[PDB]
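Let's start with one chain on its own, the form deposited in one PDB entry, as structure tokens.
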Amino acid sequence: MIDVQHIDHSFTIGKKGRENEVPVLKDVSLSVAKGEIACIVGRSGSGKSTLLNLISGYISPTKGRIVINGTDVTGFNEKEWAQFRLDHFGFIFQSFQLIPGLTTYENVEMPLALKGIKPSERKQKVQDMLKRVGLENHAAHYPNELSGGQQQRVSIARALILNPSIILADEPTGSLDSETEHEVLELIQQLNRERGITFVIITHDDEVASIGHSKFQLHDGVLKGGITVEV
């Protein structure tokens, strides 16, 4: 479960004598339960990005508290929040974040190495997950030698390698074609329908948002339209 309520954030930009504070989040009340695809719909820089940053753990929110899996994360320092991200989080960032260089197999295995999984178990998990996603027939294929759709697919495979409760994503199809958009979206839908996994996908497209179990439209920094309309 994800519990976000009365959360606000402000950004200070400029020199010490030119500290300009522009609040973005205004008492966000995002509430997601286990095993549904939540979604945040808003314009570019409207406030979805900062909300995803706070929910992931990159920025500590200024006020309010955030609870994931029944545990308070606002007071987490960098070490504890990173430990939480290791074992209970996954990431599908838009830029595909695929380590320019290296290989697909090692890109997928990277979070296993970070957590500390033993080698043969790592091999088994990577092979099984790459088989599940569908990019198993590439092995040591460098990310630069893949297309953007395959980059998104291998990023998803990396996210699923530690079977986390939440695999909250940025816009997974921000730079993607419509066909690859539909493919990635149905892949994520099948993820939820196979294994109960919370999603906090943030996008500026409502068609991408349509697959979710909940709608959360953020207009100019304040959330609204929080419903659970069945698709």
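Rigid core: the largest C-alpha set superposing within 1.5 Å between the two forms. Residue numbers count along the first chain shown, from 1. First, how it differs from the form deposited in another entry.
- Fitting C-alpha atoms of each rigid part between the two forms shows the smaller part swung round by 18° relative to the larger.
Mind sharing the form deposited in another entry? What's above is the form deposited in one PDB entry.
Chain alone follows, minus partners and molecules.
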């Protein structure tokens, strides 16, 4: 469950002294139920990634309240936020944010090391995750040695490896063809059905937005989606 409450966010850029504000989000309110796939669509540059970065605590809102699973996460320090992310969050990054010095296997395995599961019990988990995203043969590759869609699926696999309660997916199928994207969407829907994982998916694709139980439109920094219908 995500409860974004009247979130305003702005950015400050420019040389010191001549700093200008970049109003990104204005009074953004987003409620995602537990085990629901919320899809956030909007024009490029509307603040969708900013919204996900606020939900995950990558940035702190200029004002507003983010409540995840009932706990106010605004005001978390880096340690509190990192523990919360390890416990509850998987994040699929728009630029896939893979560690260059690790292979595909080591990248997907890193969350399991951070949770300290078992190096022996990690093998089966990472192998199955890589097979689910069609990357069995690329486990030895580095992100240097991957396609954009393969790096995207490494990001997907790293986010889904821990089976978190919330997955924040930042355009998780933009680098994928229709078949690979359909496989990833089927995996997302399977995780949502079976593990009850809450998904917040930014997407520019109509099919990906259609898999969601909720649709939210980001326009002019306003989340005027408010869509919640039965399935």
